[PDB]
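Q: Chain by chain, the residues:
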Amino acid sequence: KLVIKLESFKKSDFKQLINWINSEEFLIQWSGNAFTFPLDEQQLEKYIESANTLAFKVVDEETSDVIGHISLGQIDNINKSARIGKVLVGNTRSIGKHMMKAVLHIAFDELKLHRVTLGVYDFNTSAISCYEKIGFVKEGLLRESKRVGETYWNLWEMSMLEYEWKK
Amino acid sequence: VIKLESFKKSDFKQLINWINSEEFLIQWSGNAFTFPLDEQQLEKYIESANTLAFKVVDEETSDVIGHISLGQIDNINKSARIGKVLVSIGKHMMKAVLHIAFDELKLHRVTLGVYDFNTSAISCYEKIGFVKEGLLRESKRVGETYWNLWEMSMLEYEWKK
Ligand SMILES: [Cl-]
Ligand SMILES: [Cl-]
Ligand SMILES: [Cl-]
Numbered sequence: 001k002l003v004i005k006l007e008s009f010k011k012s013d014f015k016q017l018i019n020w021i022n023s024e025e026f027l028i029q030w031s032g033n034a035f036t037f038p039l040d041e042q043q044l045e046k047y048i049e050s051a052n053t054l055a056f057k058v059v060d061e062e063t064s065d066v067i068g069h070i071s072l073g074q075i076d077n078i079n080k081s082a083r084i085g086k087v088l089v090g091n092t093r094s095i096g097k098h099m100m101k102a103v104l105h106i107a108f109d110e111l112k113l114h115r116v117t118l119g120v121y122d123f124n125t126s127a128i129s130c131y132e133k134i135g136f137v138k139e140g141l142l143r144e145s146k147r148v149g150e151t152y153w154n155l156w157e158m159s160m161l162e163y164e165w166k167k
Numbered sequence: 168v169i170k171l172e173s174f175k176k177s178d179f180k181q182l183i184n185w186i187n188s189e190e191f192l193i194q195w196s197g198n199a200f201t202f203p204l205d206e207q208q209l210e211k212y213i214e215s216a217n218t219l220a221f222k223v224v225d226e227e228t229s230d231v232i233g234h235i236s237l238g239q240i241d242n243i244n245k246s247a248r249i250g251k252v253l254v255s256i257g258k259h260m261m262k263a264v265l266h267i268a269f270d271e272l273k274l275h276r277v278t279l280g281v282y283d284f285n286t287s288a289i290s291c292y293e294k295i296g297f298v299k300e301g302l303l304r305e306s307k308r309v310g311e312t313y314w315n316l317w318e319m320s321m322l323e324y325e326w327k328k
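These protein sequences, in sequence, are chains V and U.
Position 121 (the first sequence) corresponds to 121 in the working numbering; numbering is contiguous.
Position 109 (the second sequence) corresponds to 276 in the working numbering; numbering is contiguous.
These aren't lab readings, by the way, just hints derived from the structure by calculation.
A hint or two may mislead.
To be verified - A few chain U positions that, by computed beta-carbon distances, are all more than 12 Å from chain V: (1) 169; (2) 170; (3) 173; (4) 176; (5) 181; (6) 186; (7) 187; (8) 203; (9) 208; (10) 216; (11) 256; (12) 263; (13) 272.
To be verified - Keeping only pairs whose Cα atoms sit at most 25 Å apart, straight-line, the calculated DSS-like set for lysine-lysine is: (14) U:176 x U:222; (15) V:46 x V:5; (16) V:112 x V:146; (17) V:146 x U:180; (18) V:10 x V:97; (19) V:1 x V:133; (20) U:294 x U:258; (21) V:101 x V:10; (22) V:46 x U:211; (23) V:166 x V:5; (24) V:138 x U:299; (25) V:5 x V:97; (26) U:245 x V:146; (27) V:46 x V:133; (28) U:180 x U:170; (29) U:307 x V:166; (30) U:258 x U:328; (31) U:222 x V:146; (32) V:101 x V:112; (33) V:80 x V:167; (34) U:262 x U:222; (35) V:1 x V:46; (36) V:80 x U:262; (37) V:80 x V:166; (38) U:170 x U:294; (39) U:170 x U:273; (40) V:112 x U:307.
Don't be surprised by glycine CBs; every beta carbon is placed ideally from N, CA and C.
Kindly produce the complete structure, drawing on both the sequences and the hints.
A: This is the structure we're talking about:
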């Protein structure tokens, strides 16, 4: 089962992602503080040129369509860590699980890192269950850490260490 | 007993002398610096965006007795991070920075990190009102080993004095 492949996200994929991220609230769920709504070409250009960041389009092996997005950021070669983020299943079997496993393969097997982190807002309980099934562990709840209008959201900080990925 | 004042070039040598090893540099400041600490790194620190650097001044003698910082000051999320804490006095320093954060800057959340072996600092911070949120496992590499960091926080409704 090669169901998806990761390829480098490029300028010709920008409009598609701009269309998928259709509201401010959704932009925040997807990417936190990385961007302002709406997304535009200048923000995405800065993203794909940033140091210590790998940006991926997710390609369906069957159709060759681009069906999502994912990123490995904060790549830190002193502490041997990185952060998965900007996780989007754009359409469609768990494509999300395949995407997570493909990026984890890059992080632990190709880059040889020790620790991979991820943040997810506490109301996204089906994503959280999926991530726990893959092997992520909740480290703690960052209380009221993102402001969204007049309220604050709480973020679960989650991680996997290399001995949880492979023995 | 203490006041916080803007950290300047004339305070750099003193701080460089206080930071005598790489392990201590890491306990104090995490990933901010490379050992040894030097004037070029400090100049960049005092010019960094979203950062307030403080010398801690004894009101009685006017001597500089420590250091503390409020960093990652974030106006969208109304948050900041206390760090670079260097020394009773420790409590006074924390309360002075918390006063700036909550009462002057009107922030909602203040965070802090402390490595899990520093259990006396942890107790002191819990007495002041910080709450443990979670343990970041094996998050700092130090030589051939890893340390674990407690992420702690105070929200504005948990602050009184
Ligand atoms: Cl544009
Ligand atoms: Cl001042
Ligand atoms: Cl810090």
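Q: Determine for every hint whether it applies to the structure shown.
A: We went through each hint and held it up to the structure:
1. 169: The claim holds: residue 169 of chain U sits with its nearest Cβ about 29 Å from chain V, beyond 12 Å.
2. 170: Label holds. Min Cβ-Cβ 30 Å, cutoff 12 Å.
3. 173: holds, 27 Å
4. 176: holds, 28 Å
5. 181: holds, 27 Å
6. 186: holds, 18 Å
7. 187: holds, 21 Å
8. 203: holds, 16 Å
9. 208: holds, 15 Å
10. 216: Non-interface label stands for residue 216 of chain U: nearest chain V Cβ at 14 Å, farther than 12 Å.
11. 256: Non-interface label on residue 256 of chain U holds, nearest chain V Cβ at 28 Å vs cutoff 12 Å.
12. 263: holds, 23 Å
13. 272: Holds, since 14 Å exceeds 12 Å.
14. U:176 x U:222: It holds: about 11 Å lies between the C-alpha atoms, which stays within 25 Å.
15. V:46 x V:5: Holds, at roughly 24 Å.
16. V:112 x V:146: With Cα atoms ~31 Å apart, residue 112 of chain V and residue 146 of chain V exceed 25 Å; violated.
17. V:146 x U:180: violated, 38 Å
18. V:10 x V:97: Roughly 23 Å separates the two Cα atoms, so the pair holds.
19. V:1 x V:133: holds, 19 Å
20. U:294 x U:258: Roughly 9 Å between the alpha carbons, so the hint for residue 294 of chain U and residue 258 of chain U holds.
21. V:101 x V:10: holds, 22 Å
22. V:46 x U:211: holds, 23 Å
23. V:166 x V:5: Distance ~21 Å between residue 166 of chain V and residue 5 of chain V Cα, so the pair holds.
24. V:138 x U:299: Between residue 138 of chain V and residue 299 of chain U the Cα gap is close to 14 Å, so the pair holds against 25 Å.
25. V:5 x V:97: It holds: about 12 Å lies between the C-alpha atoms, which stays within 25 Å.
26. U:245 x V:146: holds, 9 Å
27. V:46 x V:133: Cα-Cα ~33 Å, so violated.
28. U:180 x U:170: holds, 20 Å
29. U:307 x V:166: holds, 21 Å
30. U:258 x U:328: With Cα atoms ~11 Å apart, residue 258 of chain U and residue 328 of chain U stay inside 25 Å; holds.
31. U:222 x V:146: Given that 25 Å is the threshold and the Cα spacing comes to 30 Å, the pair is violated.
32. V:101 x V:112: At roughly 15 Å apart (the allowed maximum being 25 Å), residue 112 of chain V and residue 101 of chain V satisfy the hint.
33. V:80 x V:167: Measuring from Cα to Cα gives roughly 18 Å; hence the hint holds.
34. U:262 x U:222: holds, 14 Å
35. V:1 x V:46: Violated - the C-alpha atoms of residue 46 of chain V and residue 1 of chain V are around 34 Å apart, more than 25 Å.
36. V:80 x U:262: Cα-Cα ~35 Å, so violated.
37. V:80 x V:166: holds, 16 Å
38. U:170 x U:294: holds, 21 Å
39. U:170 x U:273: holds, 19 Å
40. V:112 x U:307: holds, 16 Å
Consistency note: the structure conflicts with the earlier hints numbered 16, 17, 27, 31, 35, 36.
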